[PDB]
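Given as structure tokens, the chain that follows is alone and in the form solved without this ligand.
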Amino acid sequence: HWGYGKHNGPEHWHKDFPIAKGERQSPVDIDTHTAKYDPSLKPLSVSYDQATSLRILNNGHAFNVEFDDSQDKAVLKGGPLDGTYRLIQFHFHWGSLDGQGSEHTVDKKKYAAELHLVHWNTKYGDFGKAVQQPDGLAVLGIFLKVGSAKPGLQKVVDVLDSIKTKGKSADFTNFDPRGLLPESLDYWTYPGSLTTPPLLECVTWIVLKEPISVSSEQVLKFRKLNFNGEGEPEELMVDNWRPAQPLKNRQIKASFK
């Protein structure tokens, strides 16, 4: 149903998901001069050493690398967060051209892609309950710029041939998501939403200041994926990003000055 085309894209989503016009929608433009440094924000705690990746799935909108979230194996804590959030999956949003693709923007600048490491608050028991709560999710967002290759990403790139079309999945064990992080964990944070339907307003967004660099060949391989299923007309999976939404009554906070 919904997607990213002329006839089903972000400007249409509000007709089935009226919260698309809500008070805390994501993504947003991060105006760096307007964000407020909050010296009481704690450093992020990323504990991924016990992460257990399971599978990679083309869901028709992006690809998801899924993790075992039945125990506290890969968790995000600290920063603006209270409690413990478990990593359930990561995915990306990217463009058809290197000058677009990210969901968040920084002083209106678009990056080539954006990584979302999705975590849910363990006090709610399961991801489906968590998305119903204003503090249910924490998504760690990391920008990708085109330049040198990111070695930690290559294993992802290399399996994409096996999940070209919607509904395909492949075993994807022993992937270490720590290899996708930049050096610095300086971040901006604001309350927001899922950036795809159902657009639920359940996300504490934590967007890293420092982008990672990926090579032109790496992002080109993202762009060879397909939104369609096998045996349907080929539509390249590109430009699967929602544009920046109004900030409304929200202040973006920075962990760094």
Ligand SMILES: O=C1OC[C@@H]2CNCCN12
Contents of the next structure:
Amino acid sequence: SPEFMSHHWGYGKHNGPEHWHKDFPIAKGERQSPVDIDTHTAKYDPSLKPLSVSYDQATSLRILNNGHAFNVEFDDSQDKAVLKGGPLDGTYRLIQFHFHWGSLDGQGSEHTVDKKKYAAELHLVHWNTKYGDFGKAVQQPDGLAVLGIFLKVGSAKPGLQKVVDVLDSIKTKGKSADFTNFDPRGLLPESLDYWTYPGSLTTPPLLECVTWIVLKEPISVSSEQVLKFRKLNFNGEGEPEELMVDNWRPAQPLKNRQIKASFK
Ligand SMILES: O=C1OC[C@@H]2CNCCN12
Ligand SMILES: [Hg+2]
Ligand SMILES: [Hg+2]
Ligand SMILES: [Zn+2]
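Could the form deposited with this ligand bound be given as well, to go with the form solved without this ligand?
Zooming out: every chain and molecule, the one shown earlier first.
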């Protein structure tokens, strides 16, 4: 049971975000994520470029319940699924995506917009090819680019359904399954308008390597889709059930950072 045999970071009362600094001191660092996006402080930057999403040749491989979310993993041994343009210099390869979500529809996102919490947030994680591999990229201030997409509850997202339907097979921590031919273009909204700022990954080890690109337009998913997320488990098989919900970190201090908008 959580925190009895040993301690591990998580999202509970004894090991949640407010505790993470005890094992990962960078949790109190100068470029932590997520942040609140104050729409009356972020300035339009006309030097930013349109975001170039080239996911046509993506190769998904597996889906994994890692005890704090599920990752959909991709073959990143070539430039098969890349993010370019905008604030980015060069080419960033997609390695995985995952979500953060709530126990109820009024919370779940990590970023907020004028303090608004969405029901969930999708993170597509990419690494800068100039550093050769993800592990070297996460030793650099421009090593990663994360495309963040808000989810609200409304109409269903057809391109999400294949994800929803596989979750029964990865209910518990450590379970993985084959998950080929998944097209992440089915998770995008219509507009690629975005905000951008320098930050970190939002789970330990909280690495301060990320250029965040947060889309303004949410995607809609149905109540039934997000309910299926909430049937996942943080625990392993044969351990008592602890539902995988509220796996989000709250907003962190902006400090001296600037949030830029791609749109006037
Ligand atoms: O994010 C927002 O929202 C309002 C303002 C418009 N100009 C771009 C930056 N802003
Ligand atoms: Hg974990
Ligand atoms: Hg890989
Ligand atoms: Zn994330």
